[PDB]
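Below are the structure tokens for one structure; questions will follow.
Only one protein chain is missing; all other protein chains are in place.
We call the chains A, B, C, D, E and F, going by the order they appear; numbering starts again at 1 in every chain.
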Amino acid sequence: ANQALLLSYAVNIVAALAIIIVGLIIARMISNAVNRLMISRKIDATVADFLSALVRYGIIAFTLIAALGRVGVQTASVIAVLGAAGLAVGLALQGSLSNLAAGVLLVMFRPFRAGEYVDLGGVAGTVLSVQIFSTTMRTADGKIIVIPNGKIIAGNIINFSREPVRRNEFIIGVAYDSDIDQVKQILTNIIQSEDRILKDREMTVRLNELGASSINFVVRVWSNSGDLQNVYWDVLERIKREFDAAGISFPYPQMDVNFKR
Amino acid sequence: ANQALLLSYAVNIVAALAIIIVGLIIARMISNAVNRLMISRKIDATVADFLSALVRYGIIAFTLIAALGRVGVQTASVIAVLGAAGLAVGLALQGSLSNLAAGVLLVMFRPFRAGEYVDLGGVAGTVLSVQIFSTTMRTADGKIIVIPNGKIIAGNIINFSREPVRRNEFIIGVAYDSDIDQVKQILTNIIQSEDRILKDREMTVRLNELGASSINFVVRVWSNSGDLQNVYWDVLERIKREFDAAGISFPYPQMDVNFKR
Amino acid sequence: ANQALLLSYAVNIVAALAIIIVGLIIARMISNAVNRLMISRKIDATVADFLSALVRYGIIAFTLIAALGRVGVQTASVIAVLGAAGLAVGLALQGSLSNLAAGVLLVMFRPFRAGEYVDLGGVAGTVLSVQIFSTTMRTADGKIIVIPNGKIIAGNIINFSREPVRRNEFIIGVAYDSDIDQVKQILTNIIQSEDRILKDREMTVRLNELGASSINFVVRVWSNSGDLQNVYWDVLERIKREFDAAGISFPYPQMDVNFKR
Amino acid sequence: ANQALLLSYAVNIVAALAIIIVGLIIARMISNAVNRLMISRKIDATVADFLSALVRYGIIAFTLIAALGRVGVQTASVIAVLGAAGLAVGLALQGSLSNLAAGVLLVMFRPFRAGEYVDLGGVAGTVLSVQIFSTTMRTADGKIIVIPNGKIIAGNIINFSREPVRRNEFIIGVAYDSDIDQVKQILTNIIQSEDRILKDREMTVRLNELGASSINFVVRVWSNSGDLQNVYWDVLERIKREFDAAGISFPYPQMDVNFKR
Amino acid sequence: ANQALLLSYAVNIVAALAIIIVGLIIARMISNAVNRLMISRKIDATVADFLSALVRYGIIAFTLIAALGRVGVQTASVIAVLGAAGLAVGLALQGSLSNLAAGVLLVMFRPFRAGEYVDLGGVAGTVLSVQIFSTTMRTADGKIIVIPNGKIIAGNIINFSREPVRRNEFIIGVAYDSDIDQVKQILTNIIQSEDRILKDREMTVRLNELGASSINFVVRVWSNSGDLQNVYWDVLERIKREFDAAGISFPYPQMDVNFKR
Amino acid sequence: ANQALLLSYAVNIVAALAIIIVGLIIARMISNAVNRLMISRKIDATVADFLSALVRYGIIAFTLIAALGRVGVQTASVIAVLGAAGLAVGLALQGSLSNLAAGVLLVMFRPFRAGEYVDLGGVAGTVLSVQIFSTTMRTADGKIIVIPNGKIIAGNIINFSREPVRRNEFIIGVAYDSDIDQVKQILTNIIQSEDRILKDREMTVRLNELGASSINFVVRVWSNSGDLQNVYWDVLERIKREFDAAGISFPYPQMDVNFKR
Partner (left out) sequence: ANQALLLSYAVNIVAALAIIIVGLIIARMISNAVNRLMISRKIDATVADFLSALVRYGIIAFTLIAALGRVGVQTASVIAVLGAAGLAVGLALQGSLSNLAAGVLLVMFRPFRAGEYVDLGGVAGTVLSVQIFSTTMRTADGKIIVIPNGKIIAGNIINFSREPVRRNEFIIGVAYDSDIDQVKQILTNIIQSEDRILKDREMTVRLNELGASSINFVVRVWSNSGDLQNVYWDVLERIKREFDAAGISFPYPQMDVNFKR
């Protein structure tokens, strides 16, 4: 009956039992605290129960393997398996965490605001709100699109309404017989008569190219962002009316045919 | 016959034997408990047996290498191999775990509900149900599509029926000789006569562009989500009837030919 | 001639020799057991021999480095190299393991069954069987396609025959001079005369759009899944016969030509 | 002159020298054994020499750092660097190892055999042989394609000759004036006169659609895999001859023109 | 009542209590310091509070597990879980960190400057500013685009205004009957009359190809970057005027028709 | 003045100083040896100096942290940082190492040889040489393409000249009025008159399809690889001459027009 080694072993076993008992009570208390906190705010019953069960299982596994290590059982392989499981969970949650970080960045740097008409990688609409994981926008068609923030941060973010002034472009295709200077002066008169077109900005009216069936002119004018569509429609209808009155004819697809027999 | 070192070795070997025996009985008991639990609920026989065999093999490997470590055999390489295998399994299960996390997020944030007509990255249909891993939707054609939740969370989620009001768009192509104001007033009268078109929303009737063979007008009106298709059909048929009665002719593809010889 | 340290060294060397000898016999016995088990069931000779050789090499390396560690040679670098090799093997087997997990999920959740006509990401066919790694389907052409389960789980799974009722769609292009109400009533009579078209489902017969050379009507009717193709063919032939009898003419590509000189 | 600590240090230095000397002789002997084994079979001189040099360098590094650790120099950073290098090599060899695993799977499950005409993700040809890393197929053009097995396992594997019976499809475009029943009965007579067309399989002869310039019929018949092309050619030529004899005319692209001025 | 082991245990427990108390006060002090520093500069209240809470939780977890380790509870599994969480966070923040590094590189090497018209992988505009994470450019249309720096560093960066001289290219399509030397000399005279075209640079005027309906000439001239568009427009209008005066006719799409019956 | 612990500390400090001094001299000697070896063969001065500096810095860091560990400073965090840096370097060099492994595989298995006309994923040319990292080929146009070996190993490798015999295919489009048997016999006579066409291989001359404006025949013949282009040209010119002599007319795009008004 040794008094040193046996007492050391008794200390080890009592310490292991204390460790496991304290771990059990700690897991129970933290489970109760988490349940109370989740009750204190909005939460789903099923998801909250799953979360509490998962954290309880984790803590009881921790204390069980700690007691095993104190007893003398090597738990290095169990630690390796737990690390592998944690890495698997991290890889699984990589996407959601990346979306969360992207949402944080979007909140911080404010590339776009609520109620701001923007285009995000092929989808354009007025932003309603930005959440932690994904934004919500309403298209001009009236559809609702929910875009995760990670793919928003990736790629360009076109902000339409950041600049108060935007430029219109008109492609006018008239017949080759039309008088170049006459067309240019008619277009210039139309541009001058318009009050919503900025006068200090460049007003480009030039012959752009020679198409297959027509000669294409380019008309580039700037206007306020909130009036661009109306300016475009007004200038287009005015151009059509003026060309019809002045005899300028928009040509149909031309063709040159040669007869055989 | 030493009394300290030999007794220490005897303690080590007896402890190793106790560890392996306890590990075997623990593996057997946990296997029985898992089998009973899987019997208590719905499970496949083959899959349940494979799962029980895998967990049994894992636990017996744990206790065997623990006994080896207690005896004195270094098991660091075995731990390295087991960690590599765990990492391989984690990488393999990354996709399924990501789908599970995405499904949890879809349940939580509720981007779309059951019975809600939505479009998910090129496929549109009415959602039937959302499971842990994948959703199910029925297309308007009547087909069933099962979409994993990970690729739903990735990319945009178009929700058609979230907004009660959606906008229609009509592209009317009439001949260049038609009277612009007459066409506009006919379209406006048609829009006014329609009761299902919202009057407080913007009712756009403008000349949109000058096409190759026709002048294109744009007609944009809003209506309730549940009547959009009928409104479109009614307005289209009414437009055709009114243009036929009023003499406005939709032009066939025009061509200008010039003869040689 | 010391009696403590030298005896400790003798214990160490004898223990190392015992460890390596036991490792060799254990490797031989497990190799024999694996060979016997592989003989007891279906296996390839070359692949089984390679597997047995690989596991034998692994076990002998384990016991050799364990003996080195017991002797006193540090094997941490060898453990690092073995861990790197295990990680490389895990990355290599990631694809096959992912396919296995996907196959397990396909068995469990049963998105599609054997003999069920489905479309899987661009390939459509009747499923023959689902294996652990890949499925087999026969296309309507008669071809055999083997699809790994991972890419099945990734992306949508269109199930054609899950819903007993599917909807047909007919696009009828008639000349602009045709009477809208006459065409609609002829189509409605044809739909009513058909017994295989469900009457309780919506039977849509509306003017869909105004094409370049014709006005397009939309005919949407539902029918049983096993009769959809025959219903389509019958309705199409009936429509052609009725339009030919009633004088409704399907227009050829129209063109409007204007002569110069 | 202490007798315990100094003797311990002498033991340490002698053990380190023994370790390094034994490591050198072991590296030399294993290098000789590897060289002899590579001589005993087919190998490249340059590649074999590089492999032997690499393994020799690895073993000498192992024994050198082991001697350093025995002396008392901590080699944890060296172990970290070696682990990083091993991980880099594993990532580099991931592709080749994945190809090897894919080849093993292809050998095991036998999705396709030698001399079997298959299509593998856009390339179709008769398989010549399957190696450890890549297969070889000959296209019908006579070209040789070497396909790595990893990208074969990824994606679908279309096996043309697995099913002894395949289905042909004929798209016949005849003028709108042609008699539907007459065309159907002529096609049916042609199908019946053919002996290589399976009679127990479905023989589909229906009006498929109404094209822009013609009405398209669908003819679907099954035949043996080794006669499909000849059956197609024979049926096509027979159809042309019968339609020419019976007056059925395949229409050229139709056009409806309207004159102005 | 032992005096060595019990005193050692008392030292351990007192040291653990000291460690946890010092950890708590250190966490509180560093939280106060971080809050003060964030108050001293621009910061969001919510984000700053979340950051302080996260760092406080991290530090208290560190000191709690340190106290557990001092007491004697093994915390290796907790360390494994914390390492997995850290790896998950690192993978999540990989994108933002890559953008930060790319922005640093863009600042250092200066591929483009503010106010410099450039094209970045499909989007072209004048750069306004470069931030830590993303740049801002204004397109010629007037739109604002925010581009993350990582995708700028990836792929090419076209710098339009780095070179003071750029080359124009004119594609002139004239009828086959036109005189080649006459067209060449007219184009050369037009090029010579232009003062904004560099004379020391190559002035290419050659017959480029034989098109379907015309023979295409290539005109390549260099000019200053700030005058390229005006030079193009002037040369184009001058070419049209000179060809109209000289009788050179730009041909409409030719066609050769042959009559049957 | 203790004689045990103080002497132990003196041993520790002297051992640390010896370790650092030996590390410095070893780093210097290995740097000199590496510089001499790089001088003995072809090397760049800048790259060699950078490599020597990097290895010197690595070795001095190793010995410095080893001396710190011997003194008693824990260097685990430094080891963690060094491991992270090594992993970063491994990820950076992954691409180059993968190219090296792919080049080794290409040398070993010999999918293609020097001077062998092959196509490698969209680029076709005659291979000049294969290096450790990338190959070089000359296209038929005369251009030089350098292809990294990794993307060669990935994807298919089309070897044109591996098979001595390749098959030609001729698509002949003749008018619908032409006599099928007459065309077939003319083509067969042309095929028979050709001596470079293999007679034992299948010589396919069949009516392939019914095109929009012509009936398409398929002519498939085999020939030696070194004469395929000349055989194609000769057969094509012979076919044109024979059809022109025999009255068979290749039809221009047909059109059927119907007049209105």
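Throughout what follows, a contact is a pair of C-beta atoms (placed from the backbone, for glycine too) under 8 Å apart; a residue touches a chain by one contact, two chains touch by 3 or more.
Asks: Kindly state which of the options E:61, E:123, E:128 or E:203 is in contact with the chain not pictured.
Replies: Considering all chains, including the one not shown, the answer is E:61.
Asks: Residues of subunit E in contact with the chain that isn't shown?
Replies: 15, 19, 58, 61-62, 65-66, 69-70, 75-76, 78-79, 82-83, 85-87, 89-91, 93-94, 97-98, 100-102, 104-105, 107-109, 111, 150, 153-160, 162-163, 165-167, 169, 176, 180, 206-210, 212-213, 215, 222, 253-261
Asks: Touching the absent chain: which residues on subunit F qualify?
Replies: 44, 47, 72-78, 80-81, 83-85, 87-89, 91-96, 123, 131, 133-134, 138, 140-148, 151, 173, 213, 233, 236-237, 240-241, 250-259
Methods note: only the chains that are shown with their structure count from here on.
Asks: Where the centres are mean C-alpha positions, what is the separation of subunit B from subunit F, in Å?
Replies: Distance between chain centres, rounded to whole Å: 37 Å.
Asks: Can you tell me which residues of subunit F touch two or more of the remaining chains?
Replies: 258
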